[PDB]
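As you look at this complex, bear in mind that one protein chain is not there, while each of the others sits in place.
Chain IDs A and B follow the sequence of writing; residue 1 opens each chain.
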Amino acid sequence: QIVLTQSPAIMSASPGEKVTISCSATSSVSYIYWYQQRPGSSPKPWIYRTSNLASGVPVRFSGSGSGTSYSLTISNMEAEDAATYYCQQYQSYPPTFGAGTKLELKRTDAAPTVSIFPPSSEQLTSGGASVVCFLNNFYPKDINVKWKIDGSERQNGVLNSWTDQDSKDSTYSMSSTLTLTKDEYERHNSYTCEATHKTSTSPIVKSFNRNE
Amino acid sequence: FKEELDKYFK
Partner (left out) sequence: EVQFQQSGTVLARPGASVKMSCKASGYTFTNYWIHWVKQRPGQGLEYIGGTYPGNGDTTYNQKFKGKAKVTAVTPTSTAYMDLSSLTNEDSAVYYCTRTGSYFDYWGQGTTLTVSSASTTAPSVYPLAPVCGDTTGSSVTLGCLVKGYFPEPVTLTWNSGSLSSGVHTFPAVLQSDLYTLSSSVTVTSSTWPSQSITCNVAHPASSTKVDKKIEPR
């Protein structure tokens, strides 16, 4: 099947900025097709036969190219354009798609709002103990979270999960859960969530002390 | 264009 290569894999763009992404094929193709996929939903047709806009696609989008080289352009980036775009070919069978260009909206920096939570009484009755840290509504997505117990970092047992850019304010959010045994949890006093983010020179820290 | 693509899948 024909391999389509998309460039760049990831990029961010400010509101108003012109955006151009690329599709490169190993064989000449007569047309390329582009699909948009918003986080959490199905792909949608975006551009068909190289340059025609699909139903509902705003005029700031355009496509062009020929041979082995095609591109999709946004004349001025808007928040609703943040999405993954795939190119696609019917020159040979089966149809194939590129691996995607993920387009993110570059908004202004925002520090995470950090919240830390002790294990619940319910979980302790079962012999486990999870400490949870939420880091909400930050930008950019580059962040590092560390757990410190009585001042020593704890690296094993940490599960992290993230949301994609918020539909309203374009920020990211993250959850971090450190799971210990109940006995372990009870042998220490200080529990700290520490975040390193470009919005602060020092780490952004929330803490609690067991039974205090 | 639909007829062409139909033949391609056939």
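Quick note on the criterion: contacts are C-beta pairs under 8 Å (C-beta built on N, C-alpha and C of every residue); 3 or more make two chains touch, one makes a residue touch a chain.
S.K.: Decide which residue listed in A:144, A:155 or A:161 touches the omitted chain of the complex.
M.R.: That would be A:161, which touches the missing chain.
S.K.: Looking at A:51, A:62, A:69 or A:136, which makes contact with the chain not pictured?
M.R.: Considering all chains, including the one not shown, the answer is A:136.
S.K.: If the hidden chain were put back, which of A:51, A:64, A:96 or A:190 would touch it?
M.R.: Answering carefully, the residue with contact to the hidden chain is A:96.
S.K.: Just checking the interface: what residues of chain B touch the absent partner chain?
M.R.: 1-2, 4-6, 9-10
S.K.: Counting contacts across the full complex, list the positions on chain A that touch the omitted chain.
M.R.: Residues 1, 33, 35, 41-45, 48-49, 54-55, 86, 88, 94-100, 113, 115-120, 122-123, 126, 130, 132, 134, 136, 159-163, 173-175, 177, 208 of chain A touch the chain that is not shown.
Rule of thumb we're sticking to: only the chains that are shown with their structure count from here on.
S.K.: In whole angstrom, how far does the Cα centroid of chain A sit from the Cα centroid of chain B?
M.R.: Taking the mean C-alpha position of each chain, the two centres sit 37 Å apart.
S.K.: Inside the complex, what are the residues of chain A that reach chain B?
M.R.: 49, 90, 93
S.K.: Which positions of chain B touch chain A when the two form their complex?
M.R.: Within the complex, chain B touches chain A at residues 1, 5, 8-9.
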